[PDB]
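Below you will find one chain, with nothing else, as structure tokens; this is the form deposited without this ligand, and questions on how it binds or moves follow later.
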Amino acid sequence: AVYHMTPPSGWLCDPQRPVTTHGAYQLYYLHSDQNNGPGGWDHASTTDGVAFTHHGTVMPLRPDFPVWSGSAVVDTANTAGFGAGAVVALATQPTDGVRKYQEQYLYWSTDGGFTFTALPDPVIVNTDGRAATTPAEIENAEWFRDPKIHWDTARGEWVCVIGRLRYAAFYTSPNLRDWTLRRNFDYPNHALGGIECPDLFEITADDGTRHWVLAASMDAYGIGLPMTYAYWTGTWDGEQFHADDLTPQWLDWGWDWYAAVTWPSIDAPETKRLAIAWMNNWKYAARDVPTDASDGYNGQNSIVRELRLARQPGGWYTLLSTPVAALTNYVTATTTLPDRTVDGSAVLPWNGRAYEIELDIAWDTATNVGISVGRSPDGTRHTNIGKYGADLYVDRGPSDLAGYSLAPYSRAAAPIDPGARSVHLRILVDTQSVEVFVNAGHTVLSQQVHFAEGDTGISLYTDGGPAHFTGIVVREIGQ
């Protein structure tokens, strides 16, 4: 991966909310020496959100006691008592290696998040886990993970969201040590997924309005929806969360954008947030990847994106995504290509593996229009990105690699007005991925793709009529 974070070695997993210390973002992420084996928290830092420096394990694996996802924050006011500015983190661990006993342990750092000390006793106990007898009780107790911390400015206290089976629990606290159970949050459609790696934050929209956002990673494949990150705008009164609408919105429509986490940006903390996710899916996450045998590692995170909340007609709010701005500093070359009209297909006189391409497509009668990325000269391999009916799709099927097929999860799709007769696309291509930002960023599709060394071409295609391809710009990304 040219411009995507990858662990120096081993198996990569869930990222954790980054903290802002020593003039940089300290990102933490789950790591294991074996693909999908026991693991802990590894530490990495970045000053621009694109390039990372790895620092190794921070919250280690221990005999029958892995460390799972949670969140970290900096206790600026020393409310916890571990020192002003201390970095505090809560992470789920299976006490005694028992699943139904999974609970929240607190770890802290007084060196800016580079070394942590563990707090022996869980700060939030899975009590019902001990009382679980029936298969149902046991299932419930076995889903009490991923605490996400947040400082409630209005109430002046800490609020914590924890993932549960098809619902989310909340706790308040004045010092990160003593928590008080609050009202759970339920949603009507359980075929949606059951709250894993929940997120909780406040953000100001473009109209100056303040809003709360509750989100989590889901798995709505069954009802034709994404297995990514869904969110509910609303409020937190300090005891319960009220969603403006019970049907959540989605942040990504591709296959690989799981366990996403968000954090405040330094230059505009309340207005602009950053986000990163694990470019993987559990349908195949555990399997072997090309990079396993060539560099002894499995997994990469997505490009870091910038988030902003925009008002919509009717007085409701939605998020917009865009590649982190700093990515532009890694552009080593800019190639523009003549506008052109194509009816059927055409190959572009350009080749590369790590770049960013932007373009506009306009058509009339054409029923299908698109661009093929990662095209091999033999013409057999390529990932297609185009517009069909009411779909802005990304099909990696023709890019399935022998011995590492992603089938049957090939065609991803985001909604787009069926009446649209033109679209703008910004596509990020790297050696093991393709990320698509459609138009102004309301829809994004992130997907892992096992490209072969020779998959370097780009081609244009249409069906049912000619299309006008304009504003073609290709910026190659280096390091």
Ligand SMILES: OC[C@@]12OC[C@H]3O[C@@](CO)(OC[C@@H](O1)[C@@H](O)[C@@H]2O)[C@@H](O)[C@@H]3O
The other form holds:
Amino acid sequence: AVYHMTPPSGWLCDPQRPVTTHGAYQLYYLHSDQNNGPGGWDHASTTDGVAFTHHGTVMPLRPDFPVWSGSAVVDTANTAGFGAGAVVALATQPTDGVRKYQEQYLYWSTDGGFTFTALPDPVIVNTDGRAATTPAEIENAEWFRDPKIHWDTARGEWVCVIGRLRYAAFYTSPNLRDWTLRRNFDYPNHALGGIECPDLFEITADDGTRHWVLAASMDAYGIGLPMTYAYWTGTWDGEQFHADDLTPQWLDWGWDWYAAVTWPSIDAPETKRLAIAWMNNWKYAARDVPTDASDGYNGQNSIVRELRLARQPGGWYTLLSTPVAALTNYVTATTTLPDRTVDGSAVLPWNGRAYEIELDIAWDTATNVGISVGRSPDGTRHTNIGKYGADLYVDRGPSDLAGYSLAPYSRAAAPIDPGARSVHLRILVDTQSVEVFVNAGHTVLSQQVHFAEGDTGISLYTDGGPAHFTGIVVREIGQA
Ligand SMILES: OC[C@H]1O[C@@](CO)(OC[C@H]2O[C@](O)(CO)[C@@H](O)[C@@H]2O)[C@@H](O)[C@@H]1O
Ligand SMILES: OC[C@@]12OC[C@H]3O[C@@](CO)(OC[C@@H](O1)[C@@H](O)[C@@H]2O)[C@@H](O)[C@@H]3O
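Same protein, the form deposited with this ligand bound this time rather than the form deposited without this ligand?
Zooming out: every chain and molecule, the one shown earlier first.
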């Protein structure tokens, strides 16, 4: 990957809420030596959200005691008593290697988050795991993980949300050590499944109003919805979360944007948040990937994106996405191609593997319009991004690679007005990925794609009528 974060070696997994110290974002992420094997937390820092400097393990795997996901916060006021400005993290670990004993352990750092000391006793104990007995009780006790810490400024206390089976649990604390159980968050459509890597935060909308957001990684493939990040805007009163609407909204419609996490931007923490996710899906994450053989590592994170909350007619709010601004600093070349009308297919006179391409497509009677990236000259390999019916789809099927096929998870789709006869696309292509930001960023589709060395072409196509492709600009991306 030219511009996506990958671990120096080994298996990469869930990212953890970055903390800002030493004038940089300290990113933690699950890492193991063996694919899908036991591991812990590794450290990487970034000052712009594009380039990462890896620092190794901070919270190591220990005999039958792996470190699972959680989150880290900067205790500025020294509320926990480990010193002002100390970095405190909570993470789930299976006590005694027992799955039904998974609970929250606290780790702390007094050097900006480069070295951590473990607090021997868990701050939030899995009591269900000790009293469980029936098959249901066990299953319930075996889903008590991924704590996300947030400072409820209005109440002057800490609030933590923990993922569970089809519901979320909440705890409050004045020192990050002593927690008090609160009211759970329940939602009606369990076919949405989930509640892994929950997220809880406050953000100011474009109208100046303050809002709470509760989100989590889901699995709604069964009912035709994403397996990415779903969120509920609302409010937290100190006892429970009140969702404005129980039907969640989605942050990504692609195949690979899992365990995503968000964090305040250094420049505008109240209105602009940054977000990153693991580019994988458990439907197939447990396997070898091309990079295992070529470079001895498995997994990459998504591009970092910026998030803002925008008011919608009727008083509701939605999130908007856009690639992190600094990526502009890694552009090594900018190519513009002439507008053109296509009726059938046309190959563009450009080739590459790491770049961002923007374009506008307008049509009338065509029942299908789109663009192919990672197109091999033999014409057999390519990933298609286009508009059909009420879908803005991304079909990676033709890019399936022998030995690493992603079938049958080929055609991803985001909703788009059926009446749309024009669309703007912003597409980020790298050696093992494709990320599509549609129109104003309300919908995004992120997917890993195993491109072959020669999958460098780009073509345009339409079915049932001509289309006008304009504003074509290709920005090549390297390192700089
Ligand atoms: O089994 C989940 C289901 O049970 C409910 C009952 O209302 O809550 C159970 C759950 O609440 C806790 O006290 C807090 O996390 C747990 O100890 C207990 O298992 C529902 O809220 C939930 O849907
Ligand atoms: O659903 C859109 C899609 O399927 C329709 C159709 O169009 C063709 C030919 O252009 O493939 C291109 C894309 O159009 C495909 O990747 C999308 O899923 C044709 O092969 C396919 O039957």
